[PDB]
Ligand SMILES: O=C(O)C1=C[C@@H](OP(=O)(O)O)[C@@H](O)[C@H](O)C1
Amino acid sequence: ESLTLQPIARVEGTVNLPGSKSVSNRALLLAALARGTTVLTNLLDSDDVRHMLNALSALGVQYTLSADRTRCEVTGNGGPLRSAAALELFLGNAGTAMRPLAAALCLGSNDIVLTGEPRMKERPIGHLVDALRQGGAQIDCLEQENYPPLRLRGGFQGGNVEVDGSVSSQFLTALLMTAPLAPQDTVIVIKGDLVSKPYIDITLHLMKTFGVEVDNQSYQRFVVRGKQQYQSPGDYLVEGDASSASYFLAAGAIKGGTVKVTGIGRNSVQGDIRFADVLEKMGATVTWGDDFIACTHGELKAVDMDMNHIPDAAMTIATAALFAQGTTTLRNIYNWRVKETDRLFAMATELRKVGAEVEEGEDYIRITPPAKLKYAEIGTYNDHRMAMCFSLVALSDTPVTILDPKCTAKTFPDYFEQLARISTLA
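Now supply the structure block for this chain alone, in the form deposited without the named molecule.
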């Protein structure tokens, strides 16, 4: 079960990004809590988002989906979700559902178990559970502390709580979304440094779109007034994941043509939009649009840059360097080693197969492209990023075979078909 990509002469066109899973689940939850009816456009249809919808429906939240499931109108509860029966909700493998719902269902006086697949029951959630119990939530870890399944009997007060931001930002995100509906003001102190601050930015912006301000003190203390209620904005467009645009912007830079991506824009708070600036430095032409970003081909030159700030689209720079003149160095990317799997090793290994000369430093990667690309079966490591990164190899006279291509279905099942639509094959 692989997908062989035939060589592409040239690409040019428009690609609409589906919704971010992150944004999609956050917005569904806030619309479920909000006063009024929210219309969500560009919603992601993934099975994680399905579990989020099925959970909300089991919670009594009424909504209607479009035929293609990318448009959803939600009748907001105007308050904490209430369930008169005990529930047990299976969230599959949707942590971006598990975490926000774990926090939000500490509101009220319910009795709900959250669980999912063994992979998720292996994803730690104790940093969130501690903070919630600290503000008064009754949470019972039915098998083991730090991980689902979770029995949630509510009771979240607010008050002085702490959360560890050193491992994941998503714990803080779940806390922040829940806090405004607590009876007390909530003061959230971050233990160490805060990882992944732009996702925090995303969550805060969504919350403000729903009418709730937060005092963010240097990403070290967050003050949320209690007693509030979210107000529907009416329409809300779910913005596509910024990392997913990187592959098509790189496609245009390499072998356009011009590639325009919609679902993202010049004024997005997502960090990885800054990917585009890197292509501009490599010689490509970037046009910064309001609800789109476009890349037109210029002669690509290699770059030497700290990529600390864009960990997910930096991988895309690693494959696009195969087409730039010179040796590219991607610096301060130790983040890649401390992941689910070591991306630095993985990217080096799979780059060497297509002919590249790869240095694997402690926290950097140095890439010298081959004079001629080689055909290879690229292992993708359960990582949709890998599949989408090495899909660019066909932007040459050389095919490439991607292994486990369905790993992209997680965030972009239509990735290759859209890639195809903008392609002219050699």
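Residue numbers count along the first chain shown, from 1. First, how it differs from the form solved in complex with the named molecule.
The rigid parts of the chain swing between the two forms, and the hinge residue from 391, 186, 261, 19 is 19. Remark: the rigid domain rotation between the two forms, smaller part against larger, is 17°, computed from C-alpha superpositions.
Can I get the form solved in complex with the named molecule as well, since the one above is the form deposited without the named molecule?
Here we give the lone chain, stripped of any partners or molecules.
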């Protein structure tokens, strides 16, 4: 399968964002653990969320979904997830299911195997397993240490644990969400640098919404009290997805017009709202509201920036760089290599097909645009963001052909239709 995008002369309009994947999967897990019934509004319907929903169903969590799957009423367990069956749960390539559920299922005495698609068995989890085992969990890495599939037999108590922060923030997120329900207090010491810190902030905001606070000591040590129970907030509104928003804001920066996205704004908890600051630095004009961000085209110039705070939205800058004057350098993005694909390799390989000169560093990428873009078929590596980032090539005089376009469904099934709604073809 492929989709050819014809050259787009102008983008403009207003995009009502689908729900945030990061918020959706945290809120589903917390609602399943909490006391009380939580009603989630603007939940994302995408593969990653569906895998979380299916796992929760298999684990006995009671919930109802609206016809469109964006409103979900979750009856909380008022305690850890529990199954008497020796289940095997398939989690696709959803890190926000695999990492958080691996930790959550270490509470109690279940016997559950977590697995996923071939790529998920190549994505690291050892830093999380190490910390969980330090706290008493029984875990078997059935194929190789440091990777799924995992057999979880429970027993996490708490105590003094160390988690490496240098590869994924999702390990710390998973520990943070599970620790409050453990029988003992947990003191988490961070080994090394912590990457993707804004996603830790999402986790802490969500936990607070569900009635639990922790002591965050400068992102280097976290004190969590055990013996707690999450408390349903009642209604909870899932923010629009700020990572999905990046494509439309960038499209406005490149080929607007003014493109406005709704469902996020200046006070959102998602770190990817800071992507708009990059577009502003490149020369676009950005306007903020409480519930929108808008971007209007201006002449674009390259940037050289540390992108560790926005690793996903940073991919959008890599293709937006094709439209900027000068060489763009994106630094401190090593963990691109361990995500849906090796995104440093993939981004460099596909950018070169459209004519860019690319230096693929170990943990950075440097992109020098060609004078004129070239037509290419873009491989997408079963990575939603490769498809969505390369859609921006068509904001030029050159079409682009996206291979396997349905991979966008990991987080954004209707991406191309939403892009078409704001596009005027040349």
